[PDB]
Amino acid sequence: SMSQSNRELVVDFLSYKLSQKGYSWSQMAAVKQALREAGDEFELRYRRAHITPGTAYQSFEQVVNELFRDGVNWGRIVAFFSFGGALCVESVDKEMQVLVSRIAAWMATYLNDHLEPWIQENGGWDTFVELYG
């Protein structure tokens, strides 16, 4: 409880300092690191890249289906994460933080139903780490 938080803090910090030397705390900590890095790179390359409390999942799902028009790849999965994060930031800027959990729920729905099969068939997240880093 009060204990778990500190354990979570120690893990996060140590993960970070390990990262800074090209080491990793765990495979998950490695996935997260590559995903953040990849997002940073995508956002820097495609810098030129409409949520409300009434927006349905179908509105999001249609826009994300335009992303995976020609098919799924690691670059396009990174763009998906980047897109979700841009929606969250837009919501906080517009004073609608209340929807950041909705966007997260939508991203987990879209990932599960459409991308987890592809991810599992193409060697999982371990393969993304292997390719990206």
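Positions refer to the first chain, counted from 1. For the two forms, the rigid core is made up of the largest set of C-alpha atoms that agree within 1.5 Å on superposition. First, how it differs from the form deposited in another entry.
- Superposed on the rigid core, the two forms differ between these two forms by 2 Å or more at the C-alpha of one listed residue only; from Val89, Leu44, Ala105, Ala56 that residue is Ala56.
- With the core held fixed between these two forms, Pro117 has its Cα displaced by under 2 Å.
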Second form
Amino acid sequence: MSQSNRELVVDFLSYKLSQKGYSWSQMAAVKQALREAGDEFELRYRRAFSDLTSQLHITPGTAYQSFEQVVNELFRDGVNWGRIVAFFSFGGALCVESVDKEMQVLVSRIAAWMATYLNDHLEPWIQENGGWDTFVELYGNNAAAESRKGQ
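Moving on from the form deposited in one PDB entry, kindly provide the form deposited in another entry as a structure.
Excluded here are partners and other molecules; the one chain stands alone.
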């Protein structure tokens, strides 16, 4: 037996049940909503200006500052859902740049930095503003994209 066969099935069923409206932990719902919100943010940014990863620049020694620098700049005025989505997309952009420049060792580090910032500085705001549950209700089912396409 291949555990990948189990993993593939479980992922599909989680995706499908959550998509059809059912929820319990809402883990699948949040993940899917983030994937969608991330795509929508990057689309809007790429149309407004250039692509996100186009202007990034880092080295293993200068990777961390360039991260905290941008992130703390993003949230100095405060926190909202849009910025949290942008936080994920920037982290993704940083990883794409790292791989493109063959500094793949930075990927798991960037991931750790994101998780740490999310945990230390974003989670308190999220819990006081309805938790991930509110994010799902607002941004689930590709809501941000549907708002744009309506116009």
